[PDB]
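Asker: What follows is each chain in one-letter form.
There are 2 protein chains.
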Amino acid sequence: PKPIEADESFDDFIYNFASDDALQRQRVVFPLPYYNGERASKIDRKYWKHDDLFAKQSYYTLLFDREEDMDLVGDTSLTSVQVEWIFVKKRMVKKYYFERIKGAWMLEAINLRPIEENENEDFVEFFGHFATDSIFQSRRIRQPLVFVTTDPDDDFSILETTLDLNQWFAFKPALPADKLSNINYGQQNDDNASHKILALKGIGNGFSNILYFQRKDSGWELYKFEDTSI
Amino acid sequence: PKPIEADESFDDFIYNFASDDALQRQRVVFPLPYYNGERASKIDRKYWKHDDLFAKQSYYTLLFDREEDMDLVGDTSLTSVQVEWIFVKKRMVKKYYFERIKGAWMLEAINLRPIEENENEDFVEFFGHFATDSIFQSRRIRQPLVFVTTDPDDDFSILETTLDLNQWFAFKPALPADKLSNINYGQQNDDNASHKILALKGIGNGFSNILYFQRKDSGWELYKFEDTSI
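For the record, the sequence lines run as chains A and B.
Those letters in the first sequence? Residues 55 to 284, by full-length UniProt numbering.
Those letters in the second sequence? Residues 55 to 284, by full-length UniProt numbering.
It is worth saying that the hints were derived from the structure and are not from the lab.
Be aware that one or more of the hints could be misleading.
The list cannot tell twin chains apart, which means a pair is met if one copy fits it or any two copies do.
In silico DSSO-like pairs for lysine-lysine, Cα to Cα no more than 30 Å straight-line [said to hold, decoys possible]:
id	residue 1	residue 2
1	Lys149	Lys278
2	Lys270	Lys143
3	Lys96	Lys226
4	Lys100	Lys56
5	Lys226	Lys110
6	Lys278	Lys96
Pulled out of the complex, with its shape left as it was, chain A reads as follows:
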């Protein structure tokens, strides 16, 4: 595999891997190890179907447990990154394993695993209900909701304010009901973590929203909302 200009970073490569059919066929290891849990399978070159991943969407999602782990998105030293589909209602995670082989990003394996669960409310299952039921959503928002945005008088200036429930309904971004994406840049993904940070990032535009959730005894709740759009 000859390294291209897209390989300089995972984020550049992944958009081209998903949007360019000819490039995708060169960057998939064949026979491709496919794991259906503990059941090992292999997908041969002839039966590969073009995977668009999240490239045709208006936005994609990223998940973190801690704010400082968002620093990892810009790490260009990464030689292994995974792309994930989290099937919210199916309790399944589909994961694509990418590796930079001699500066050239390759798909090495795909696996399917169940979402990990514990004694506390599961973030994934809570999120599915939060994203689709407005009444449940209204009961799972801290009041007032912390809102961080741009000062309308100066864009180089931060504005910290609050939103009431009616203002949240007017400002809230579109929320995925069926699937979440995630890119593993090495950020902690612990199912016992009491915080969950969902970044919503625009594809081919400056859209950027960050939703901070905290797990209370009563369950998960949205407590901080950032609009870092450019």
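Mind docking chain B on chain A? Use the hints.
Answerer: Okay, now just chain B, sitting in the frame of chain A:
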């Protein structure tokens, strides 16, 4: 604060407050309560920057739900009036709270925050698109458009005609793209209102245009254009 001749009405005071720096410095309560929604702060004398408000503009705007509420502009019994900036594309508001303390108008507080309930939010989002996209604007004008002026020979009559889209483009006033003003004289500004009346008033001249919008199932549309200039 010693009451002056301009304090007879809010409209006379506000032009003076914005155009005379020395007058402004004595009419602002210090430390000035400054809010960012439910977040509370203060602004001391040393960090106060002269605020021109809308005094340097050729015109300013007012918003109503019902025509008869425009009678409230001339209400001299008012002892508390608010001025606000509506940042159209950012859905942000800068509200200035004025109070007549012993016949002397004073700035009591400022709130820089996201737009709230009963602040014409739905109409304001539509208005930003109407004011900046000529194609969208042309699709959101009732055809034919009612065009009314006051009759200079008789106050009980009006001169009434209709305009086509080419005639509207030739007669239409300048429309603000980024920011609207509003002055709260006590007029209803309900979110469920199916009419929104935008008054464009001249600063230091008799210019007065009134744009009547109605919310159809298909959205807001301009249906009546009034020239009440004097």
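Asker: Hint by hint, note whether the structure agrees.
Answerer: Going down the list of hints, with the structure as the test:
Proximity of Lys149 and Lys278 under a CA criterion of 30 Å is satisfied in both settings, with 29 Å inside one chain copy and 24 Å between copies. In this assembly of identical chains, the alpha carbons of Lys270 and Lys143 lie at most 30 Å apart only when taken from the same copy (22 Å versus 35 Å across copies). Taking the closest pair of Cα atoms, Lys96 and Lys226 come within 30 Å of each other only across two copies (29 Å); inside a single copy the shortest separation is 42 Å, beyond that limit. Taking the shortest alpha-carbon separations for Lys100 and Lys56, only the intra-copy value of 22 Å comes in at or below 30 Å, while the best inter-copy value is 63 Å.
Proximity of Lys226 and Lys110 under a CA criterion of 30 Å is satisfied intra-copy only: 22 Å inside one chain copy versus 36 Å between copies. In this assembly of identical chains, the alpha carbons of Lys278 and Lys96 lie at most 30 Å apart only when taken from different copies (23 Å versus 43 Å within one copy).
Violated hints for the displayed structure: none, as all numbered hints are satisfied.
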